[PDB]
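Given next, in structure tokens, is a single chain: the form solved without the ligand.
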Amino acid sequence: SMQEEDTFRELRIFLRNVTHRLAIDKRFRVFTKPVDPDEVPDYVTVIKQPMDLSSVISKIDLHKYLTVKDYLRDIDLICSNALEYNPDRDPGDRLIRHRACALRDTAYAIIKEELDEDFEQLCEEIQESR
């Protein structure tokens, strides 16, 4: 229905806003674009499902997220990829993992404060009906 389409549009608007707020945070710069294979040639062989905040915006605009849960799976993937690709005690690895964790915790904290649970439940019930 039109009302359901309005619901998913409202979802996309919310997701774009959250994603922008993550993308402008200096700590999360490393997560804002896909890894450049020229810079990091073994990346795509170790990490099977790359994800970044630019790709997240593209996916919002492609209507790939019909729930906040779906979105958070991609935020989680950004974080888990960083953890897997940079697992060493070295400070470069530790910094990125700390930032990856902060990206994830920040997204979740925003959503906890700003997403109405009934709005999410509505999205989920529309998605389930399709």
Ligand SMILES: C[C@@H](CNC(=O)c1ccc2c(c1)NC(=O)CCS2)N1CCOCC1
The other form holds:
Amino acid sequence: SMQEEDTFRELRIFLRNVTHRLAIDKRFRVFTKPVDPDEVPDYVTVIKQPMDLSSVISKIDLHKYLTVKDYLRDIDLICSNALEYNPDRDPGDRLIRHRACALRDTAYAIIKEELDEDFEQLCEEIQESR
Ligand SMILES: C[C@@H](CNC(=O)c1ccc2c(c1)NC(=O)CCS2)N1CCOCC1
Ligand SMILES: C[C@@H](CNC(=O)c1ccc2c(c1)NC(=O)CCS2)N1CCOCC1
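Instead of the form solved without the ligand shown above, give the structure for the form deposited with the ligand bound, please.
Time for the whole complex; same chain goes first.
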């Protein structure tokens, strides 16, 4: 319905705003764009589903997220990709893992404080009805 489309539009506005705040945080610069295969040629064979904050914006605009739960699956994917690709004790790996966990924790904290739980419940019930 039209009222439901208004709900999903508000969801998209909210998600663009959260995503922008993550993307401008200097800690998360490494997550802002797709990984370049020239810099790390082994990435596409290890990481089966690359994800990054620019791709998240593209998916918002393609209406791929109908709930914040589905949005957070892609944030979690950015983080789990980083943990999987950087598992070693080396400081370069440990820095990226720390940033990845900070990205996840920051996204979840913004949503816990700013997402109304009845709004999310409404999105989930619309999604379930289709
Ligand atoms: C400028 C682009 C492209 N850079 C890379 O994809 C990249 C991936 C892994 C490493 C490095 C660069 N750096 C190294 O020193 C080699 C070992 S780790 N970035 C992509 C992610 O977000 C935006 C910026
Ligand atoms: C080895 C680098 C630290 N690592 C990165 O800068 C980096 C950049 C982009 C990505 C990644 C790492 N890897 C990921 O998995 C996230 C998505 S791409 N150092 C930087 C300072 O000087 C020395 C070397």
